[PDB]
Amino acid sequence: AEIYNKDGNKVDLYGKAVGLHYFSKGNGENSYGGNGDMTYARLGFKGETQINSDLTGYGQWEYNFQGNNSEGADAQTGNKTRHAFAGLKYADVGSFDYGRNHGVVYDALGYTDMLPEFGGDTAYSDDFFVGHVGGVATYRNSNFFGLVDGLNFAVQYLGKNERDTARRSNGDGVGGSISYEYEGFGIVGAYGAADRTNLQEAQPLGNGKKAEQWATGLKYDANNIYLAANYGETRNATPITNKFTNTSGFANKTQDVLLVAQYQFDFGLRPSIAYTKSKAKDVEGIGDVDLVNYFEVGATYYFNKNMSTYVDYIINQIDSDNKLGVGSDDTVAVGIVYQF
Amino acid sequence: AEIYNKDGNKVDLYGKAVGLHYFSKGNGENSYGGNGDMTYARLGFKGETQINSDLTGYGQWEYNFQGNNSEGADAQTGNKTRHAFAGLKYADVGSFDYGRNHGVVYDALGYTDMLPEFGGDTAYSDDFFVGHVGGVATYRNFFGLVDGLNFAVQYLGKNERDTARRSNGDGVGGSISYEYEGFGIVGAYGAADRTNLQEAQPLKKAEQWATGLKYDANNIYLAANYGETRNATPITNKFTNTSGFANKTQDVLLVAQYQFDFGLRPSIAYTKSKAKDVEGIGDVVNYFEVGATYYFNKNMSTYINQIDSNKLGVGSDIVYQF
Amino acid sequence: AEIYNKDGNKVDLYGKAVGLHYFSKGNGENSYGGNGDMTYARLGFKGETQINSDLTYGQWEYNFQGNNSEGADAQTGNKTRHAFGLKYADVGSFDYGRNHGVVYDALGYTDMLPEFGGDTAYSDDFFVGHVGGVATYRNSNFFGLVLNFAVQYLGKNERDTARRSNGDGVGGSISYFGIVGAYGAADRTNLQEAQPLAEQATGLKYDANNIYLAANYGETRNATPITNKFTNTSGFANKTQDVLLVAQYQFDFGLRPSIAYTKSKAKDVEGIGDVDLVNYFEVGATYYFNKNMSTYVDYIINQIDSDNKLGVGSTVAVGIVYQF
Ligand SMILES: [Zn+2]
Ligand SMILES: [Zn+2]
Ligand SMILES: [Zn+2]
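Here the protein sequences come in this chain order: A, B and C.
Under my numbering, think of the first position of the first sequence as 16, with each following residue one higher.
Under my numbering, think of the first position of the second sequence as 1255, with each following residue one higher.
Under my numbering, think of the first position of the third sequence as 21, with each following residue one higher.
Derived from the structure by calculation, the hints contain no laboratory data.
Do not take every clue at face value.
[Stated by the list, open to error] Partial chain A-side listing against chain C, Cβ under 8 Å, derived:
id, residue
1, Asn24
2, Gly62
3, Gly72
4, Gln75
5, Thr96
6, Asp112
7, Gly149
8, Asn176
Ideal Cβ placement from N, Cα and C applies to all residues, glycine included.
Could you put the whole structure together from the sequences, leaning on the hints where they help?
Structure follows, in structure tokens:
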């Protein structure tokens, strides 16, 4: 909701309130998602200022508040800052922001991250270039300095974050992305590589001096139709954690595909089908394991622009003999989301 | 504060800044509350959208920020998401919302939860149906026909918390009220399955109910509520270091408050809750209240334990808003 | 940003989004400030209502850190800065809650650097910074006679750690180029007295013709906390001698170059005796774009000895802050 425009500074304060619930077989411990309450609410601001006819300043922020938690010591469980950065867009030169932003490989992963509740499984938080990552400088360029229409590229730095845990750690990195949209159709191809922290390399699973992610995507966005498809492979990046022995680490090689097909009613109902598959290779002692693999049947009915409900049943494809203990039961979400 | 209204969507962003200090004998170890700083702040949003003339959508949220905490490692303590739900009201059919909302037994218990700071002692958080409870589906003047009487039905899904205090299972709850002639009646009850963790506590189904009768007119507030819980109320022991729920409790809440247009609102209240047939000690909070809250405008305002020295060790001895 | 005026009530909801990063040789083991990401965000409200003709506030401010991951460390740095009053005619103000310390009034004249500076202003350290639950009576323009004064009550705060604990105390400040002086003393906590290693400054400033010349001196008495890397033991400097010098000229162009020198030295601390806490030379060039978006560089020449008692480090910030 735009709540202030004066002396030429726009400030949008937005928020959600998703009443959410997962259903699986008796506390879905062996399922895709889980079981019970998932109610959460977000609260961020978008702020743009106009210094010149060409130069604008922005700063975005976004915090996650969890409603499933009690008022005990776990009241903060899941509370986190999703977005926090500030930047300058200048004429046709391009934009530049630093802070906690998306990774270049999310530009490519964005094409398919569109299911009502689930999807975008490959887009891990604090996993280098596929999602929210702390302290990252990002230069983006739209329409190649205004010359070519549709061709966009971006270039990302991503500085070192020596975390206490190896799960969220990262070192000096480099990332790129390229897109081309031509009347409905869309192609994209991102790639990024970074040094792995010594704590990450001292993990049981996964070996290699540096981490690497890339993915390429196609989409059709016209006539109230979305057909999204992307594929990507990580090498020494994806967290995997064996459920049996409770020993975590990174997958030496992954092969990930996302297919999304949804149609949009002007009536409001948006049915969605989706198939995802992320398969690990060269697992330190197991070999080829399926991280995630399923079919999706989703129907979101937007009431107005400020209110909706949705259902996301996920056909869990993972066989019971999963040599990593990853869930094999089915999950279905039921949500009523208000926003502003 | 209503901060946005456009294209059929009202959005209210509200907040408080209570500067509060507690006073008891010395450090108030065995007191009602505590002693020292108690400063805190609320900040939440309310948000209704008009889908139709009949169908309106809503969403609320509220989070607590404590001020008495230092800026160090303890800064997050007390910070909690109070309210968070999203629902639909439809013509005279009624409302339905899911998320962290108010329990049906609070509808009847809320008749007396109107003291300045204290009061509503039986309204325990994450305690089945008597307070702020996580993830709960809630349906709330009889199809528009009979005005002045409202009913509600609540579901409450299972919540497998680490601690026994906050856990629960599948349940059912009802509430029915009737208000007229500046007065109101209400009666709510609920029952639920307990987790095996809950069943395995020293001190497997929980029951809680209460009724309330009140009168508000001529700036006079006369509230009374009474009810009993069964295998619900947590209490634990300080001496024995043993936690658990009370087999049965006997709870009464008596409030009388008069609002003087001058601003001073004197409030006299008496509360009493006695646990029954507790496994170890048998039958064992109760006090009389003195309160004067001074309403300035629509924003600014400012504002006797009867428990013998007890086999349990129960204690003895300015708000801006927008 | 004022987001609501109706029925004579102003509700200003403000916020920032600072993209910060510290630079040091390889890692920040033996540096002043640190190294890596420092991105954070502020978000509070300033709420004033007029009750009558003469008598009229409620303020709050929370910290959200951005260098944290969405793992377990997400609330690392998250905290409330402010939460609390009335001003009546010429009587003056009075508020209770988590607010500033009276010794900050003198320290505030020099707490004016891009990112660093104001080292004497520790959080929850007697009266030199942000402290919880304090009644503060402040009077404006001396009842309209001339001069400004304030009195803080500072309630007891029985904290688990010795560093963040506090008891009852009293502090005063008076201000009127510009000069100011503040003093405060309080009963030390049980754990304050039971620690191996309290009373506490006056200020001068000149803010006119696009120049800011700031100078203040202060001495601590068993309140400034410190620990040493060698013996890993917490405590309090029995006495410190603190100086802050700030000299900056603000161009109409927008660029604001700043040079600053700070020095705080502890005295007869039970264990190390007289040691120098912090000492450096600062060169900063903050560039205000407009009244919202701005950036800054903050190079700091660390004047702490290598062979240093307590082993304090022997840095340069780069920020791009949007605000509202
Ligand atoms: Zn995002
Ligand atoms: Zn409530
Ligand atoms: Zn402050």
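Status of the hints after comparison with the structure:
Because the closest C-beta pair between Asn24 (chain A) and chain C is about 5 Å apart, less than 8 Å, the hint holds. With a least beta-carbon distance of about 5 Å to chain C, the hint placing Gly62 (chain A) at the interface is held under the 8 Å criterion. Interface hint at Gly72 (chain A): satisfied, since its Cβ lies 3 Å from the closest Cβ of chain C, which is below the 8 Å cut-off. At its closest, the beta carbon of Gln75 (chain A) sits 7 Å from a beta carbon of chain C; the interface hint therefore holds under the 8 Å criterion.
Checking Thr96 (chain A) against chain C: minimum C-beta separation of about 5 Å stays under 8 Å; hint holds. Here the hint on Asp112 (chain A) is kept, as its CB sits about 7 Å from the closest CB of chain C, short of 8 Å. Interface restraint check for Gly149 (chain A): the shortest CB-CB distance to chain C comes to about 5 Å, inside 8 Å, so the restraint holds. Because the closest C-beta pair between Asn176 (chain A) and chain C is about 6 Å apart, less than 8 Å, the hint holds.
In terms of the numbered hints stated before, the structure departs from none.
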